[PDB]
Amino acid sequence: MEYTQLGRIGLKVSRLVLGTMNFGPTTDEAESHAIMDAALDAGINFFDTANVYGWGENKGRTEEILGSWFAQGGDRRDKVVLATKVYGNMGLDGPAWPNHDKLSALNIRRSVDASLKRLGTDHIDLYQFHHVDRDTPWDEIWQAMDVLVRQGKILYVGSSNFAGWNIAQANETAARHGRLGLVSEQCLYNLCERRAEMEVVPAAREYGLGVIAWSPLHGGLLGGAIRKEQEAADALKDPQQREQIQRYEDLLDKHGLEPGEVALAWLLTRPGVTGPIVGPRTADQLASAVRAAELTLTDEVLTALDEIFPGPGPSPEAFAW
Amino acid sequence: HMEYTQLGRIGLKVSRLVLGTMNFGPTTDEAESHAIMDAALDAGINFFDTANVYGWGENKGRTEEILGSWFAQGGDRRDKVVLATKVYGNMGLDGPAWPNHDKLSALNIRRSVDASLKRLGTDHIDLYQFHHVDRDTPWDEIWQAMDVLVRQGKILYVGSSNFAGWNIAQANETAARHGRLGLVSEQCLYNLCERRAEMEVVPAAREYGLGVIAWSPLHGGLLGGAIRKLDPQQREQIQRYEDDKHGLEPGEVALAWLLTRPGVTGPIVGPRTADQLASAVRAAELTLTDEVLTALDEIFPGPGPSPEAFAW
Amino acid sequence: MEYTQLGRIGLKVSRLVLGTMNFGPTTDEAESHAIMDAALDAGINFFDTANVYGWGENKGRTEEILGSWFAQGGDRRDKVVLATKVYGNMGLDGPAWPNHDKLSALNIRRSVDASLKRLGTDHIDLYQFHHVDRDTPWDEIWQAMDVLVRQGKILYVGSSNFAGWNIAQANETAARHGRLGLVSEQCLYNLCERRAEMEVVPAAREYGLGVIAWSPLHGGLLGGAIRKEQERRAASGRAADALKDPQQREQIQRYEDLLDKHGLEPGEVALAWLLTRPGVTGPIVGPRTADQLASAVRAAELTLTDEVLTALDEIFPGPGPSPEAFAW
Amino acid sequence: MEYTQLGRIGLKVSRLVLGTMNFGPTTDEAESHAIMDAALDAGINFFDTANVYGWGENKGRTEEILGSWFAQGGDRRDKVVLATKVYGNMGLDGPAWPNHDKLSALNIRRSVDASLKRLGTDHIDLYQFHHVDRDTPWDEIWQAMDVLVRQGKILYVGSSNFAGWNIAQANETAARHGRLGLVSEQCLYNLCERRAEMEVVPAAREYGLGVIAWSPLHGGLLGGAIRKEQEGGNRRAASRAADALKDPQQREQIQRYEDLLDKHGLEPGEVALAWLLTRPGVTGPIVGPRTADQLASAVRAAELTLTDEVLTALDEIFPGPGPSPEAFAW
Amino acid sequence: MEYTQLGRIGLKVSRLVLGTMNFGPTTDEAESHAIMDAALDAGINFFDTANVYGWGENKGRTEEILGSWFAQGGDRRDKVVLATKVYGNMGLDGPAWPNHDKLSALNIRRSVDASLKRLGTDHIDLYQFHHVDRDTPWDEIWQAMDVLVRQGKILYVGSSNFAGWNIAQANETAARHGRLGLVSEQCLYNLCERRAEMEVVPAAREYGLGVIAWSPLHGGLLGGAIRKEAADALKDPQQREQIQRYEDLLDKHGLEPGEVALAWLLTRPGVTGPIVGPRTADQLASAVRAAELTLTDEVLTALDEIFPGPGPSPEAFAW
Amino acid sequence: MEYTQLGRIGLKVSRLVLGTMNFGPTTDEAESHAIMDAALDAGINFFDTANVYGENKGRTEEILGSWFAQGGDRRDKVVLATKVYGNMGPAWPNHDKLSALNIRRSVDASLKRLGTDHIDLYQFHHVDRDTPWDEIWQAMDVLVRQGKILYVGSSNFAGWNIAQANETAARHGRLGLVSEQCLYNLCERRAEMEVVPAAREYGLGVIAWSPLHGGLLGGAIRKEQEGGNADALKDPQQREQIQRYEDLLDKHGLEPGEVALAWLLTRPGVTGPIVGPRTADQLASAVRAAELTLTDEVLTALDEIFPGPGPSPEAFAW
Ligand SMILES: NC(=O)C1=CN([C@@H]2O[C@H](COP(=O)(O)OP(=O)(O)OC[C@H]3O[C@@H](n4cnc5c(N)ncnc54)[C@H](OP(=O)(O)O)[C@@H]3O)[C@@H](O)[C@H]2O)C=CC1
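Chains as they are written, first to last, in the deposited numbering: chain F, 1 to 231, 242 to 331; chain D, 0 to 228, 246, 248 to 260, 263 to 331; chain H, 1 to 231, 235 to 331; chain B, 1 to 239, 241 to 331; chain E, 1 to 229, 242 to 331; chain A, 1 to 54, 56, 58 to 91, 95 to 234, 243 to 331.
In isolation and in its complexed conformation, chain F is listed as follows:
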């Protein structure tokens, strides 16, 4: 298994990040524990979850399943870098009660509290914002994170679904008063959606953040979608995206490569990318993700992939000069 520093910090993580979103709604408790044991066996030490995972009435269920996993002992907690998230509404689906979503110091205090209890652990290694909150200023956010840092309840802070300039503002404000800033950004990044390349990834590289790609298969659209319908994806409605996926599936047919694996290995070549979040439901899907991390894509396949799935390049050049 390949390891890398998470951006600029001393933390070392697996380039494959185990996502936990399916633990609860798809795989049951014991099945999820087995997948986590097997991720560990393959050397994956980086586990991403969220308070909202579980969905609907079951929000928090994913954290509970990792909690019972840690409760089996055998150094599981000691060995994993535990990441979870704050921002999302934990009450009834629909419009949240005020301050029961987003990034106020008040929601941060109550959110991390409920996460620690469901996770059955006394600390979170990587506490991430699930989305930028334009209404909370960074001196409030860093006050609330710093309370947690100094109680030993969290080690590191990261973001998800930020703009590039939010990364810059967040870390400049942290650095002004001697605080470690964001250590990582979780952005939607895959062959079909490359616009994090304009500004999010350049800002992250500048400020030394790890870049973790969520929806690395674009919701399955890059995992052999077309071949599976012959045996969201309202993209296979639009014939331009459909023809794009077709050329992709055809291209990988002639190089003998699995699309679900190629999509992951492609992200691993991109400058600044720490790795994709993989969400296997079975032992075969985990082993396939591991193979994707050992794949070496030829220049030939990389060039043709860029021809099918062009990227915008960095701003300002992407739209001006």
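Hints in this document: simulated from the structure, not taken from any laboratory. Just so you know, even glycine gets a beta-carbon here, dropped at the ideal spot from N, CA and C. Please note that a few of the clues may not be correct.
[Said to hold, decoys possible] Distance condition first, Cα-Cα at most 30 Å in a straight line; then the derived DSS-like pairs of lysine-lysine:
1) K153/B <-> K117/B
2) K153/F <-> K264/D
3) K117/F <-> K153/B
[To be verified] Here are a few chain H residues that sit away from chain B, every Cβ distance over 10 Å (derived from the structure):
4) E64
5) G88
6) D135
7) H177
8) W214
9) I226
10) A238
11) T279
12) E304
Assemble the complex: chain F is given as a structure, and chains D, H, B, E and A with the ligand must be docked to it using the hints.
Here is chains D, H, B, E and A with the ligand on its own, set in the frame of chain F:
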């Protein structure tokens, strides 16, 4: 149903009505207070204002005790409310305080928040407010004491009440020097009869991004139907105000008028019945015409900002 | 009773500070308790003690006597601003085991924990360095004090037996990172010893520290020691050595004669004088009896005339501030 | 016993530092306790240990031996400046599991908690990085140490096996935000290996760190190793490690050393220690007695006064470099 | 001509730095002028000088030659990144009058004004400390350099012959009060002398300084010294043997010693480039060829075994 | 000639400081110039003057100016120190003391008289309790940045003034005071209570003025007994100190004036004494005093005769 706003520049979202709490104890009883709070919650009011001195005399603290009773019932009550209380007041025998048993020394702040947390039956206050400026305590002392509480998780935010504008500036410049969040709100005396917050308090609050909470929004009930059930000048000002020509109830218009003022978060309302609360709710939905605002401005003129209020 | 702000900070204190050094080695526990009750009854809210007080094998006795006073209830702890000290050796008298005296963060951690236990309280209001430690830098000291402030174990930090430039360096270092600095300096200052006037008091005034004067009667020398010489702290220590030096002896003789003539008591005048000195918060009185405490209270109501102030200045000239004190 | 301040800070330490490496592997629990009690009686108040001490499956055994020492009472914990270390892999020897070695905030947090539990104490006086970690930035390290300071789990932070410029960067970063920086550096420094003089000791002195010399006898090569080879007579026929001092350049240095010391009547183990005590900016050497007898010998080396003739001749045998840049440029 | 950034800053410099030490005491005005025009022609934009160059009673002569060169117009001044130095005694050789050497604000002020006058220009681009001064604190030094920056007499500050920790202290002090720190360090670094790798180069890399290698041929000892029979170190059998293995190997691969020593430096991590000291047009052309040379990995490997480096501290002496 | 760093900074100065106050009517312009050339010849590079030196105020600075105008590298070799604070005209408001207004006009008048474009060391002549340091540092920082001055020094400060000044300077990157001129000699040692300990903490040079205590340490009892024309020689106890001092020096064959200067050079943190020779034989006597080595026996005896106070707080408390 209820209108919400950010509290000044910060991430906290509050209802534009602030549930006052001073009646709980003296006027309404524990059972009636509990039921008004349950009602406020169901109308969407999340912002409750209280003070340690509330209850008065030998009953100072009774109000905080009543809110603790309410929280102890469970049912997401503590979780749903932005709880604001106050420090400054003597909690001992009325009359001259023993030294450091009132005002804002780090010593009185330590003893006040401990006694407030115990009576409130909660491990934290969301918004801990100075009841009054203390000219004798410097801001590096006050911010030390508040930072001890912030870092213990005992409080989240700091607000002020009865500050001058320049105290607001000094307090927040001092906090920002060393990374700390400053005052997030100022609770000032603001209503149609008393507009001198407009000279400097409200302008400083808006420059520093504080929410403005208006206490005594009906000027002691003088703006809520007085001569239609104290003087020769005061009466005929109110009489022009209380003149049906436009079809509106005075008490609700005094609240709604404050909601039009730039920088104002909302007023502190103090309902004693669920029907008074339902009126306050409608006050927050009212739209006053450019008509009625221009006329209110001639009955109750305001000073404007300094320096123009008194120079040019 | 007159109250004042302690220097620039919001803490209000009585202009008389109750000293406790006598409680244990010269005044027993029960009468210590009576004096403290009388002090509280007269409006004195500011008590000074030290870990070392008690002396010898009884170092810590004074704190323990304060502890059992608080334990009697009646709001005593809540009403009193409690000050103690760190620096002194709490082990066997003589050369200290390394880091069991002075102001390292290590001695600070162990010293405050033992003080809180002997005082039977969870916080000290005013925690004072007993003496400057030239070997500990201020970033180490402010680290250790800041740990205590953030845990709630102390509120304020003060100094004792500092030079003026130590006050400056300390508070400039604290302010650089937004810490409240020293709030008070407890220095030797009385009619017989006025050299804190050169730099310590000017620096304290500049930086807004309170100034509380220790041994305000010079160990009882200024309390009628000559009249009382054959019948007591004045029979020992500072006072007794001063009485054997003829010039100091003469100074005190002129002092007791001047007060005989004006119908005033020496102990009370010595305290009243300190109360006139600019920047002085108050003297730390050292009653051995309840009588002497009621006497200090009378001192706090005395008004000295210009005539008396000028004659005292003639007997007990002071240097005034540096650089003028020794240059121009 | 001679005391000194540890660099610029208020902490006072004996100029002999009691190393504990041999407690567990070569000395057993009860003799380790007796050595620590005899160190205290000689005035030594400065104990240096490490989480890794113990070796192999027994990593942490040394910290446990100190813990049972402290648990005897008698003001033992109160009298000792306790130092330990973080950086080393505490699991099975070999490649470490990610973040189970080096200086991430994650490993600092788990390493100190495990050391406090083994040491049977609620705080460490001097918590030292065993080695520079080029992959962890100083705002991450200082955040982790600052959490421990503010919780009261540690008092002072030190380094070991740093470059001079790591010392400067660490303490400049700490000073920016009012944090006390490194108070001490533990570098390899002895007659045979003097290259710490180029930049490590200069930087430590500029920034006011104490300098603690580890391996002051260069693994025993300055402790009379050549005489010790010809020691047993017939015992050398036994079925015994190969002799380790083969580099002829260094072997002749050691011969000249032992001859010089024979000429002047001095003990090689004592001189190596006392020499370090003359070097500018050095606090003291770490002494690793395996017996009460070895301790008395180190204590004698602390009271030894080396004549200027012997100091001159030792310098001729073991020349140091200058400070940089002069050592290699001008 | 290969260009690079000078460490972390926006200044772009050729990977060859034109030294001017020989201008005066070896080449005279007219020929140094030709060497400088030819350096411009090959794309070299980075000229290194010093106030002391010229030697003895001719100290300042080199700067005077650059001044007479710039006075010929033709965009010479505009095209060149001009670097000079302060620290050296500019008076009578031997013991210096107090404050007429080293880095006091006193010596800095008189030193830069005399340099500017001799260079015939109103600004120096890169003003370098010739050597660390352990007796002048960095708040004094940065005060003096900041005066020169704000008056527009200098743009960047650099160092020469610092220890690694001096680089760190210098730039941490500058950054605390909003000053650009050192942008480059000039160290003795070549195949024969690699101890800059212990700490100096690693500190420069951490703080983003360019690394300029001076005496890259070790006094000419690496430019074919034994065939063409300070660099007189040849007496020592140990080093003369290094040099013969060196010349022998490059004879076998068909390579010129003076060009390999330069090209080797261009492969070292964090190195900006060597300062070359041509006395003729032939030597400049040679250095240019050196900047174009690609050393194979078996030559770099054999050069390593002949000229081992220490590696970085602490590993170099401990672990 | 012995040199030293001026406190913590990179400036190197001779441990004798040539004062210019005693340039007067027994001292030509021409004889002042000769003395200054002789000082340069002896290796003294540190010249101290003041604007008020000279009702004929500024004349001293003018004499230095014409000295510099002779050329011969005189300006370039000398570390030139002058002062601001004194009235140069009861003073008209802001024509004395340390306001930015008086600093600006004083330095301009000083540079004109001195006939130079810069002062190396510009010193406050006295503490000004009414001007805050952020004002003072603004005005000095303007001069630093214009190149008109290099370093700032103090004179007749309290130790806590030194601390406050340099802490304030360092907050915003500025070089603080580099030197303090204080009254300091065997008879007056109270600068050891706080001034010198602060100066040493903050790394200032200490320049001792009135090093002979107005001549009291220059053999004043011998001169009285020899007959023919401050007086503490009427004070019995102060007289006995000076008598013990002159007896001690007679027994060891040492000159009172020279020993007073040599003693100061042994004191911790002292850069040197100001000397104001009116003749060239007085200068050579000062140079010999800087060469003298006082035995430890003599230094112990001088401490018995002239006990120091110790540092505060120990000086008066414990
Ligand atoms: N920080 C430091 O270094 C020090 C601090 N302190 C603090 O200062 C306090 C006071 O010091 P202390 O030396 O006791 O003070 P004093 O100088 O007042 O000496 C006390 C003695 O003065 C006499 N006395 C006290 N009050 C009166 C009165 N009203 N009328 C007449 N005589 C009186 C009594 O002498 P007699 O018994 O002879 O009648 C008494 O024992 C101490 O309690 C301690 O807290 C003290 C010493 C050092």
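Hints versus structure:
no.	hint	verdict
1	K153/B <-> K117/B	holds (11 Å)
2	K153/F <-> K264/D	violated (62 Å)
3	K117/F <-> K153/B	holds (25 Å)
4	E64	holds (20 Å)
5	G88	holds (15 Å)
6	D135	violated (5 Å)
7	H177	violated (3 Å)
8	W214	holds (24 Å)
9	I226	holds (44 Å)
10	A238	holds (37 Å)
11	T279	holds (38 Å)
12	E304	holds (44 Å)
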